[PDB]
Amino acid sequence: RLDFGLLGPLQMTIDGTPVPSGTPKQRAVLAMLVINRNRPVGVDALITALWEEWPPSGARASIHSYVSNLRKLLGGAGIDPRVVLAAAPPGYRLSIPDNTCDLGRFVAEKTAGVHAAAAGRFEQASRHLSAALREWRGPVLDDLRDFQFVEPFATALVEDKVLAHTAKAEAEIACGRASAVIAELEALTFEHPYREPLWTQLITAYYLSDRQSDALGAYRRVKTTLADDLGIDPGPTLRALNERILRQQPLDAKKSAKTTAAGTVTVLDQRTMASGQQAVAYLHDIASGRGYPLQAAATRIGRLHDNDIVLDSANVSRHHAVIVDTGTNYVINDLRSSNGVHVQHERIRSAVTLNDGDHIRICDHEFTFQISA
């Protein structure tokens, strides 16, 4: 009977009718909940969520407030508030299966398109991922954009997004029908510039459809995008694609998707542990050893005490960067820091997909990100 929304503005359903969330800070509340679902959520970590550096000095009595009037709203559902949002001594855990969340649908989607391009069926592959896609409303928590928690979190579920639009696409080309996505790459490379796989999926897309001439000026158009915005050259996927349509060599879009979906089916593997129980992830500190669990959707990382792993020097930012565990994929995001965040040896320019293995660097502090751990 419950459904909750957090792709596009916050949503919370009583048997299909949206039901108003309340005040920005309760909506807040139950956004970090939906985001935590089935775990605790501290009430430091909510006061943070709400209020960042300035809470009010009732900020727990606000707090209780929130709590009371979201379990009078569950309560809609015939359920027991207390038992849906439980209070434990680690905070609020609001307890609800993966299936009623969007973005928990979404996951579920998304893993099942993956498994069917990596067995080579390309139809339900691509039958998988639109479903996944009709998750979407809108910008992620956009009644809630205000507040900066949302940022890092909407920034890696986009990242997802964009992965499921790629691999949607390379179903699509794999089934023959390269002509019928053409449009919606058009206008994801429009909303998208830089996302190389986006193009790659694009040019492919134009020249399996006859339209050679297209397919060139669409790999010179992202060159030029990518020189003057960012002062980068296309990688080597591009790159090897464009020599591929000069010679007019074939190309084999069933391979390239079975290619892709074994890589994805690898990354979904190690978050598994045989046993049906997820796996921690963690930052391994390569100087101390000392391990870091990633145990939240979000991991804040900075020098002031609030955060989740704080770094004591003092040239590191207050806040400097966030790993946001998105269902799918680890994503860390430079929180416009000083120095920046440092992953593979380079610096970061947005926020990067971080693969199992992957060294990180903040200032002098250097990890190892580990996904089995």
The other form holds:
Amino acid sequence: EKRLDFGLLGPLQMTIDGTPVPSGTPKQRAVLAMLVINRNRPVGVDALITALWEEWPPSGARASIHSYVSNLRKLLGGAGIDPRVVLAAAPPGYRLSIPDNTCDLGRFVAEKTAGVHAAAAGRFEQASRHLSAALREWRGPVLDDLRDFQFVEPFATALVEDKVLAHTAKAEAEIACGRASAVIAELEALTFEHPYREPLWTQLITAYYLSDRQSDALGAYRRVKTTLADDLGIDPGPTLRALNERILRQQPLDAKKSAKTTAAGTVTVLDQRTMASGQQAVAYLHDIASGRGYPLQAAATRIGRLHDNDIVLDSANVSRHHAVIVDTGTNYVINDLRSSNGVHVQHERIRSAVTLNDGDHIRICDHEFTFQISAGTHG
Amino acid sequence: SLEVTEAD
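Having seen the form deposited without the partner chain, the form deposited with the partner chain bound:
Time for the whole complex; same chain goes first.
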């Protein structure tokens, strides 16, 4: 009867006919957030308890969950639907059944994807329009009002991978359309906010160079070089180094080819996430030593030594809560939870979080896995 | 387990 909408890209929002509806106390809001994050999938009661109270649930935690569900159903009933259908009780747990496009993140995902296919086809004006639409879905810090809940941290961090990618693809499209000069200012702002993001620097350096500002381009490379050296102790990657070498030689750039090539790569990623049926493929962690396969079943897959983890690794050197893999709807990103021994992807220690690629080697202490995005063909 | 993590 009335429009139901939800928001994760900023403070948690539930809106009915465009009017925000306050969704309860922080614990109740965390229930809603968990359900929206896992929209159209069941969330177990045990998972809800861990998210709300991590280490110290009260003795009546389950009664509280039942109350939160009842409360949330009353709120949902204001949209004139059957709350028991929309927020249904699984014997597994609870499931919020909502269309993807009724969630701000769902719209972000859809627009980004449309922008990818457009750029891959050389339709850069349209790609830029879709990317503008995606970025408009962001209101503020992810689940800003629930920042004191631990589950928010890896999820919010993962979604920055996606936002940065969208900013970069937007810059590429604009540059491909001949508007390099008009994106310099935003890129300057973005490289300050995200100083270690080489793809953003790549686009800024490109934009200077194609705006007849060669010396500024070279100066920007020197700046990121110093930043990466001093702050992180690393050299710039091959993409930055190759760009620098072209500019030093006053060689031409092909911004249209670049934007097409990036998009084509992303289409490959989109393909491996999708089955012939159109449903998302289930990503797996395969243990190399044992052959045991661990499906990623929720938005967040928690890994550690403690029994409450989704993937439990018994070794003494593994942290109680060691890592989390987050499915953003666009990428899988692994997060190191300030573990004693760290997380190693493709045989190097990760700094905070990295986006996972299909077939990546993942090491947690002595445990070694293959991360597979593409659907399995044997079992 | 809730046992202190061993160091590498």
